[PDB]
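**Q** The residues making up each chain are set out below.
Number of protein chains: 2
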Amino acid sequence: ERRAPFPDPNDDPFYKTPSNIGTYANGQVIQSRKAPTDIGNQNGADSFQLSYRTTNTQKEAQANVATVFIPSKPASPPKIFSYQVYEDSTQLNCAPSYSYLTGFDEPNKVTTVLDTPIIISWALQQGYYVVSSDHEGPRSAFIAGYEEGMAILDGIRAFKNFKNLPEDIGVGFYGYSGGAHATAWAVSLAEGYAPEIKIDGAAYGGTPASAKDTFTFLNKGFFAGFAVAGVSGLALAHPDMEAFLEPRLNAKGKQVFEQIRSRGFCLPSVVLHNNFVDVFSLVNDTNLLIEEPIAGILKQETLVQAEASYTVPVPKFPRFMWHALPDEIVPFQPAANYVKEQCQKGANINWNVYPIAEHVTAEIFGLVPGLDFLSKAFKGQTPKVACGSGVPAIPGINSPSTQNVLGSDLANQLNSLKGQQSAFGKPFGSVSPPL
Amino acid sequence: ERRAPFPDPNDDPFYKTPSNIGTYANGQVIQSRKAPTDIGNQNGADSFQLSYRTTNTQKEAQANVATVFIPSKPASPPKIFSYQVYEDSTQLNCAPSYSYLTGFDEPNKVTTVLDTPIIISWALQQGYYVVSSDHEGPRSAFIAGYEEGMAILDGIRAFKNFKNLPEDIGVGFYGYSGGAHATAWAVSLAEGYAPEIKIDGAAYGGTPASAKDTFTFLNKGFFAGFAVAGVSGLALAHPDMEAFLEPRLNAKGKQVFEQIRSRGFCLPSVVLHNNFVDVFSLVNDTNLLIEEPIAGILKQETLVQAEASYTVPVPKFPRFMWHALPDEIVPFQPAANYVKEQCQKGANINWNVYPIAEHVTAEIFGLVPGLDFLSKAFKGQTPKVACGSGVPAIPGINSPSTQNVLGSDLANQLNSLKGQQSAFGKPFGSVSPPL
Ligand SMILES: *[C@@H]1O[C@H](CO)[C@@H](O)[C@H](O)[C@H]1NC(C)=O
Ligand SMILES: *[C@@H]1O[C@H](CO)[C@@H](O)[C@H](O)[C@H]1NC(C)=O
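Protein chains in written order, with UniProt numbering: chain A, 24 to 458; chain B, 24 to 458.
Keep in mind that the hints were calculated from the coordinates and are not lab data. It cannot be assumed that every hint is accurate.
Any copy will do: because identical chains look the same in the list, a pair fits if it lies in one copy or spans two.
To be verified - Restricting the straight-line Cα-Cα distance to at most 25 Å, the calculated cross-link-like pairs of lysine-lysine (DSS-like) are:
#1 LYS363 x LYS407
#2 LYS96 x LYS275
#3 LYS363 x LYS449
#4 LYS96 x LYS449
#5 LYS39 x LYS243
#6 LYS407 x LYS339
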């Protein structure tokens with residue numbers, strides 16, 4: 024029954040990059056302001072907006088905004104929770120920060136309204152400082168991982184200088200669909216860009232490791248419009264790719280793209296549009312991708328080391344990744360292949376694969392677990408798992424009890440075998456592996 | 024305080040193959056006898072011995088024995104449980120049937136005494152008819168999968184004709200270490216050899232898919248003696264390989280092998296002997312394996328389709344496989360590679376990987392689960408899992424509860440989102456995936 028508390032981001036100057044941006048240090052806040060949030064209200068938690076220097080893909084000084092929350096009573100020691108919204112849109116109004124603002128009118132508000140309140144409540148009901156950040160930035164480039172990763176790390180650095188937090192503060196990433204993508208890239212970059220950010224863990228699911236693989240799955244699909252949003256975001260991130268594209272737009276394609284960059288064309292829009300359309304149709308040249316610079320930009324826009332024209336980095340810290348096996352929107356496979364690649368390079372990836380789930384459904388399944396996990400990681404207690412797997416069936420911890428299964432006697436007999444010499448010369452164990 | 028109730032198997036005629044064996048049908052019992060069993064006693068369950076025609080590797084008519092149990096009160100409908108002992112020995116006294124017999128003296132009795140009572144009790148405390156079978160057979164060939172698989176299927180067919188059971192009776196395999204190997208081969212063969220044996224499921228763990236890979240891991244190891252037992256068993260199974268080997272035995276190797284085929288040289292023996300010895304030392308020719316016929320026999324003695332000089336078959340029915348990741352005795356890797364191979368050919372393999380476990384310890388861990396599972400499979404209720412994975416974190420079913428994680432409110436809010444339109448145009452799901 025109330026309306027937007029703020030000027031639209033294009034109009035608001037806060038969002039505009041300053042002429043002093045080059046002078047401003049990375050992860051340094053140019054300015055800030057209080058900021059009214061439905062979520063921030065539900066949790067009594069002061070919400071703010073931080074206009075902070077960052078870096079774009081071309082390694083250029085640009086400003087950017089994040090939305091931070093401060094729980095009424097912080098955990099000791101202090102912990103930082105980072106949530107990446109699946110904005111999946113190429114326009115500024117679609118920014119998560121605008122979405123966090125109150126009232127029906129904001130376009131991307133729906134993405135914040137569903138799962139996000141539940142999550143950032145919990146993250147605050149546990150005394151973690153929250154940050155969410157406009158991961159596409161002024162460019163508003165969807166699926167542009169390098170740009171998304173730098174901004175999120177800069178936002179945590181900004182969050183830290185704004186609340187004078189401890190550089191050792193342990194941070195906790197979260198994401199799904201496009202937020203997983205933005206996450207997945209922020210960790211991959213985190214070591215190179217922001218080493219001073221301790222990370223107790225990070226959960227994320229429904230993640231597209233490769234933009235090119237995702238686009239191919241999306242193209243000629245109901246979700247093809249997301250691929251058009253993808254192409255447009257990548258083009259905003261890579262301006263030599265824009266130079267390529269602009270001329271090749273047939274009269275249709277010129278309007279497809281100025282529509283998907285138009286005001287109010289956010290996630291809800293982007294889902295209903297360009298359904299079943301071949302992206303290739305809008306471009307004059309059918310191959311499009313093979314011609315440079317998109318092919319080799321796509322070579323850098325992937326975390327799958329098979330395609331990558333660079334050496335994909337490998338997050339060691341304990342991670343938690345899920346994916347609907349039949350993920351009708353984000354290809355399950357390149358996800359698996361990142362995880363596997365990353366497991367032979369030695370990562371701590373509790374991988375959960377839902378066999379009977381959609382993109383939409385699986386967001387909810389591994390929500391509880393991903394947060395349960397995210398709790399433990401902060402306590403330094405991430406259940407120790409074979410990489411690429413989950414916890415295996417441990418009676419009483421995650422499978423039936425030794426007594427419910429065998430009965431009391433047989434379970435007592437099994438509980439005796441402890442310490443006794445196996446048929447192989449070694450002690451037998453306990454039925455519960457080590458915790 | 025009592026002694027062996029039976030003549031040693033070499034001496035006992037029951038074990039000897041008849042001259043009428045060719046006339047006898049496969050899985051047809053030549054004869055039988057009551058048979059005293061510690062396990063059979065503990066469970067009030069009548070135990071018998073079945074001398075039954077089967078087939079060896081060279082596709083020849085040979086007799087063989089199995090030990091069957093009949094629970095005091097069978098399940099309705101009737102179900103058959105098959106357990107494969109890890110005899111890991113090349114001598115007849117080492118037979119599981121001799122081990123099942125009462126008294127301290129039998130050599131392989133220890134393998135039956137540890138986990139086996141617990142298991143075959145449970146299998147009987149649940150009203151399943153039990154069969155365990157001398158899977159190495161008269162040849163007593165350890166690690167000879169084709170021979171082991173045919174005998175186990177023949178034993179189930181024999182078990183069935185002996186208790187006039189229903190051909191549709193649903194059978195349930197179990198094994199670990201060498202029993203897993205014998206199992207793993209009995210399923211692989213089951214479709215080709217015994218189609219009429221319905222299988223509601225099969226669990227097994229610590230499984231060596233490839234004899235050659237296992238031997239290499241074993242060689243120059245404390246467990247190298249098992250590799251010598253392996254070579255000797257393969258040689259008994261493949262007599263052109265014996266022809267090869269006999270001459271190449273240096274004076275040491277002649278005595279190593281007649282020792283590992285000597286009476287009373289069973290699993291406990293085989294573990295303490297030939298430790299850290301290079302098998303290659305005993306043979307005159309260092310390569311040994313590369314020269315035919317061992318190389319190409321090893322080409323058939325593997326379930327890993329990469330090596331196999333044949334098209335490895337793929338068990339569809341719901342299976343349950345585990346393996347200690349650091350399995351100091353059985354190489355974890357060829358196990359993984361079977362499972363993965365078998366998952367792209369479309370199998371139902373709930374794969375459990377223990378990250379902090381030994382061969383000896385992991386036998387106990389996935390004992391309860393493997394049986395819990397084995398229960399469900401009989402009820403037709405094997406938890407539906409992404410192949411190569413386990414169940415993924417499902418609150419309240421195998422992970423913390425939606426309320427314990429988020430609290431009551433946040434969990435109620437999550438429980439409302441059901442049926443409501445996601446940010447993608449589709450209903451949200453429930454937090455518990457489908458059961
Ligand atoms: C599309 O137009 C651009 C304009 O420079 C041209 O270079 C390109 O080759 C055209 N593609 C085709 C297939 O005609
Ligand atoms: C070992 O002895 C056999 C006996 O026939 C012979 O053929 C073989 O080549 C010998 N190997 C070596 C390395 O001398």
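**Q** Confirm or reject each hint.
**A** To see whether the hints hold, each was checked on the structure:
no.: 1; hint: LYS363 x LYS407; verdict: both (17 Å within a copy, 23 Å between copies)
no.: 2; hint: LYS96 x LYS275; verdict: neither (54 Å within a copy, 76 Å between copies)
no.: 3; hint: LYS363 x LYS449; verdict: neither (33 Å within a copy, 30 Å between copies)
no.: 4; hint: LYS96 x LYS449; verdict: neither (51 Å within a copy, 37 Å between copies)
no.: 5; hint: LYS39 x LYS243; verdict: neither (36 Å within a copy, 69 Å between copies)
no.: 6; hint: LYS407 x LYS339; verdict: within (13 Å within a copy, 31 Å between copies)
Consistency note: the structure conflicts with the earlier hints numbered 2, 3, 4 and 5.
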